[PDB]
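Peer 1: Each chain, letter by letter, is given below.
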Amino acid sequence: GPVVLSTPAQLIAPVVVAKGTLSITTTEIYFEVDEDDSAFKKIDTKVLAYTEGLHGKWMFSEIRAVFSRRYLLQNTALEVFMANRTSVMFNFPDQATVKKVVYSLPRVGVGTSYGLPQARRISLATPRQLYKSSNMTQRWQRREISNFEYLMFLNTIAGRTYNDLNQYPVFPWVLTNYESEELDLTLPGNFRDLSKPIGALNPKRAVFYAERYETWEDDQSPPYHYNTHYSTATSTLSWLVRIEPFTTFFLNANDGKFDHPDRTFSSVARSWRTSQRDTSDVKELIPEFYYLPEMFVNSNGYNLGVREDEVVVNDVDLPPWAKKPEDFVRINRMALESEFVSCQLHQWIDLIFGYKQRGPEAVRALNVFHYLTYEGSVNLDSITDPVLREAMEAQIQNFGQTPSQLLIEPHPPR
Amino acid sequence: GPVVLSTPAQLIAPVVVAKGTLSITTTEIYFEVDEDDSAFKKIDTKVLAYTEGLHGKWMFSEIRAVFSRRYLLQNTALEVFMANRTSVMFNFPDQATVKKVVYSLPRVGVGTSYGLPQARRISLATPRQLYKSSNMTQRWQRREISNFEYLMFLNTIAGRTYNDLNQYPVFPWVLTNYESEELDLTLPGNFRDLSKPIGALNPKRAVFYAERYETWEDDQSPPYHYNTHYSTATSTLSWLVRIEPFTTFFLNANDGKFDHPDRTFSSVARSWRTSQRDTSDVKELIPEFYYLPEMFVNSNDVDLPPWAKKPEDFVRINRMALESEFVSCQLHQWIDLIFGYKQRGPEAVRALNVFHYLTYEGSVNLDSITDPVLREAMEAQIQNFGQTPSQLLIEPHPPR
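Protein sequences, first through last, are from chains A and B.
The opening position of the first sequence corresponds to residue 2150 in UniProt numbering, with each subsequent residue numbered one higher.
Quick note, the second sequence lines up with residues 2150 to 2448, 2463 to 2563 if you use UniProt numbering.
Incorrect hints may have been included.
[What the hints assert, rightly or not] Computed, partial: chain B to chain A, Cβ under 10 Å: (1) 2206; (2) 2235; (3) 2281; (4) 2282; (5) 2284; (6) 2436; (7) 2443; (8) 2447; (9) 2559.
These aren't lab readings, by the way, just hints derived from the structure by calculation.
Positions of the beta carbon are idealized from the N, C-alpha and C atoms, including for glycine.
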């Protein structure tokens, strides 16, 4: 019907980004891909099958929340959340268009669970603002909210999302013991020091980072401890290799065949080693590690004959105290909600969204990353030469994007 | 360590059936053939070598799928799938034993790929129930699963298995042109009518069968259109004559050496023709035709189509066809013939899809056959006429 608004847009989905044309009527949102687009043609159909929205229609009545989102460090994207708990994300040309879209959409605000007013102002508000005006921190302390729910709140507000592997949500490793036969959730030694970054846990390697920070000499390259992030598409694809369409996506992006078993996520205990040994590995976990068994198993069908030489990915090997996936996730989420984590989580938050994210305290905390990572870092619009901008966007996706800082004061303990 | 359950059973291998004892402990499944058995001692050594399970051990921790199976039409077998994609099949004395074996193995159900619950009940569930309760059809319609994958799915819950060639998986011929210099996957004529059996493809030969049906006259064996089956242990061996056990077994089958060059798989084009004019060849294809290049060499070879240079090519083009949009919009029809409502009954009659009655589930109860020699005699009859996959649905299969 009445097309109240129309604008070029970009569908931001788990494994697909496609240029299309958003159109907003008086009751729905429509999106059609540019099936003629060169880049879009080279997209595997299998992948397109898992991608919703390419020709979607969203009922205004179904809208429940509208979040301001940044695509590749640029505050020009939006993410709408549907009543059926699903969500869609489009990236527009300018923050200016976003505003038009936000004002031409229902006044769902940012939802209602966070305790923020249902106003278009909120949808556009900033991360630090949203945090400030929310009651979640209290409820979290008051135990009305679980550690998992709280960490999801922070990540959502910080702009993290399941629709962009470059800004996936971020969760901390909670346990350090993945060797033992049993796991005693009351024995401190089994828990990770939630006050230190991954790169600071092992003093042996920690030295390499402090040393490298000290003996720094360069131009336009502020000193940094890690050239590797704790959250990136690459990382995310590795953790979700056993799930479509990530699997296929990776494969297509890998000459059609998997990667050497010793490099692909194969062992939960082995990953933790690498995250303590490797100088380039400072990875942090993902939400799933606390609720999605699938992620740890080969869900392929049967009688599909492949083990001839054809590389194949089998079940992730769990720690002895974890018989089957359902077990690992159960126990892990239990540890995440344990009392130990509860009384330290604020410190980890400080490193990720807190006052130790960037600055004097960030350097004293051994928590400094490549400057091109932090918010504000770059302005793709400034780059005028396409081949130049692209190369830049390519780098952002390679280094990763630090979550938006939510507070510049020490986060309150639970 | 301690044996929780022990019972007589038969290993059902790619081309071997050996009696032995199956011991279920508390953490593993064991199987030791009875080497003192006569039949066993008669089996060729080369064949035994390429046969695994005669002295096997399987870890519970490795179990992933436990499907109920049928052997020679009798619902008394079982097939276990391992985490490394391996599988082993056993045949027991009766369903009651199968049930015990199931309640003694890990609760893995039928796996977690077809959307079914991981409950021992599924492992005993009926083929029709598995179909109904699965979620593979929708995923298929959604294109999240390929035609190959869906077909393989249907076969698996239908009871088909790479472990018993008499019930080998069933895949349809997709292309009909194997002699043109090039194959346009956009020219309808280059394809096969999936709503029709292989026998009803040739207009002329078709009428022949219809006549045979109407003008039956016997009343000692209900009417049937074909006396050949689309899937047989022999056809399978034939397609895979250049690889063994198969090769070696075949040589033992033909009592000595190979088969007559003219009546042997030597060219896909020729074989296809044979399956169009020859009144006794309504063969259908097998998975291999869509992924196993090695199948078309010798280590003379199979004469590949013009558009098919090397073996690797025939497989890719053919696989592309199986996945082409032409196949997609009409593939459901084929399913209606093989596992659908047109598999049997009046509907199968119009379809020109009726096979020997001794080929359908429920056709015969080997247990009632008291005379030992008559039983063995009956079984061989079954291995010759082929076994029709179980019926999955009785309604029309929705299109993709």
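Peer 1: All hints are to be evaluated individually against the structure, with a verdict given for each.
Peer 2: Hint check:
Hint status for residue 2206 of chain B relative to chain A: violated, with the closest Cβ pair at about 19 Å, above 10 Å. Against a cut-off of 10 Å between C-beta atoms, the interface hint on residue 2235 of chain B holds, since the closest Cβ of chain A lies about 8 Å away. Interface restraint check: residue 2281 of chain B against chain A, minimum CB-CB distance 18 Å, threshold 10 Å, status violated. Given the 10 Å rule on beta carbons, the hint for residue 2282 of chain B is violated: about 16 Å separates it from the nearest Cβ of chain A.
A least Cβ separation of about 12 Å between residue 2284 of chain B and chain A goes past the 10 Å threshold, and the interface hint is therefore violated. Because the smallest distance between the Cβ of residue 2436 of chain B and any Cβ of chain A comes to about 7 Å, under 10 Å, the interface hint for this residue holds. Given the 10 Å rule on beta carbons, the hint for residue 2443 of chain B holds: about 8 Å separates it from the nearest Cβ of chain A. This hint is violated: residue 2447 of chain B has a C-beta 18 Å from the nearest C-beta of chain A, more than the 10 Å allowed.
At a threshold of 10 Å, the smallest CB-CB gap from residue 2559 of chain B to chain A is about 24 Å, leaving the interface hint violated.
This entry does not satisfy hints 1, 3, 4, 5, 8, 9, going by the numbered hints stated previously.
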